[PDB]
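This document starts with one chain, in the form deposited in one PDB entry, laid out as structure tokens.
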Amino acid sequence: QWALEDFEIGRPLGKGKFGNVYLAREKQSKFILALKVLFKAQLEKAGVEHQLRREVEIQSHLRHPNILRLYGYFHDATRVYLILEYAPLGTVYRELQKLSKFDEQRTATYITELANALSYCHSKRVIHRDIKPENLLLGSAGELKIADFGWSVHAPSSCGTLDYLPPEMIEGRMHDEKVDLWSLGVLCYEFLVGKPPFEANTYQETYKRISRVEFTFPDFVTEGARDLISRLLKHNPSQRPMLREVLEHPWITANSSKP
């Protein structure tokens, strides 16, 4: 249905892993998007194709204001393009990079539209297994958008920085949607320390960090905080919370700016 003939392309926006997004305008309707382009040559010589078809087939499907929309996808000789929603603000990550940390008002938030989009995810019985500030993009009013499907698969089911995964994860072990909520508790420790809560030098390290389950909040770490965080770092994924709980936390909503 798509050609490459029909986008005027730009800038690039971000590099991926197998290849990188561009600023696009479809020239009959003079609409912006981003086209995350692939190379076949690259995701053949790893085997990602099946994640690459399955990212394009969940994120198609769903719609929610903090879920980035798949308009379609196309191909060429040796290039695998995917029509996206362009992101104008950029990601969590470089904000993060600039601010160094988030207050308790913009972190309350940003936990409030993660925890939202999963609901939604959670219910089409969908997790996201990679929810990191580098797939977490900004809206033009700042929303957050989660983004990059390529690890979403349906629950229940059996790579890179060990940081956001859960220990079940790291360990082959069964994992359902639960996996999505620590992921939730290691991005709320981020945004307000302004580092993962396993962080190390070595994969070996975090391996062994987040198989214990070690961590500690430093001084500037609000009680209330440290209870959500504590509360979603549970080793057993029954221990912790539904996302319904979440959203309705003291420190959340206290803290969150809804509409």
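Positions refer to the first chain, counted from 1. So that the term is clear: the rigid core is the largest set of C-alpha atoms that superpose within 1.5 Å between two forms. Compared with the form deposited in another entry:
Candidate set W182, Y73, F102, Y110; criterion, C-alpha shift of 2 Å or more between the two forms after rigid-core fit; matching residue, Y73.
After superposing the rigid core, the C-alpha of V246 moves by less than 2 Å between the two forms. With the core held fixed, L136 shows a CA shift below 2 Å between the two forms. Here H61 does not count as shifted, since its C-alpha moves by less than 2 Å between the two forms after the core is aligned.
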Second form
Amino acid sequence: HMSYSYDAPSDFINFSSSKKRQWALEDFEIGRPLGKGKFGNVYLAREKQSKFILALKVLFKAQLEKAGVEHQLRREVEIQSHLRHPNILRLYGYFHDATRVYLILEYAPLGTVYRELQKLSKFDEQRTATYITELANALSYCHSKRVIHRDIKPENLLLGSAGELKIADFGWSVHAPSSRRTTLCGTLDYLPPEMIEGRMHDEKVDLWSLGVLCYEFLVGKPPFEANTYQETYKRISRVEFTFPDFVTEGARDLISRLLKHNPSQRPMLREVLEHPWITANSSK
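Give me the form deposited in another entry now, not the form deposited in one PDB entry.
Chain only, nothing else included.
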């Protein structure tokens, strides 16, 4: 039997702010769809008592179980619903019925940072340093919570009402190599220990991503562009990248310190928040 009794909040919340009232679908008005993912259909929704606007994601138990990702979904909901930070997309709670799982999510109205990046072509130093400050703050909170997988690529960053970053959890079901097989776990078995060990090398890797992200913010494209997989792997492992002429000395300093091959040499998150280029240009 597949248990949908998650270790996650399912109590009704009074947004105007012994067994308790649980969520139900009848608690929500439904608006237009916000998007469709691999397993989720996201709708604009409104809790009826408070009229509070949020996002409701509907997933289907049958296809979750058929793809073998139901246990991963449970883990994501339990993990995400216990993170509380202004720059982390809030998961308020969940409920389920005979065929569906419902996730009650913070609504982020201004799209992803990746789309904003594509619209503006590139970000100036003030917005870049402000985004980096927000992500460094969120990443410090996350390490405090010992969260498994981190992803701060711009396509995983949503934008709040006042333009604040919201780290999302897109692509939770597709971390395994792509394939046409039914279940979304099997292809991992074909990775030998030598390769899977790289996926467990997870600590100072958020510092690397921070440097790549700062580069992509300022330049508009990531720094290790190559024509084939093997070339790209070599560019990354040997940290072979250059800056366009307009990138300033302070920006170059921070990015080059974050993109050190030796993880030991990468700065701590505290040093990023104290970096002179960050404090000079960040509005936070």
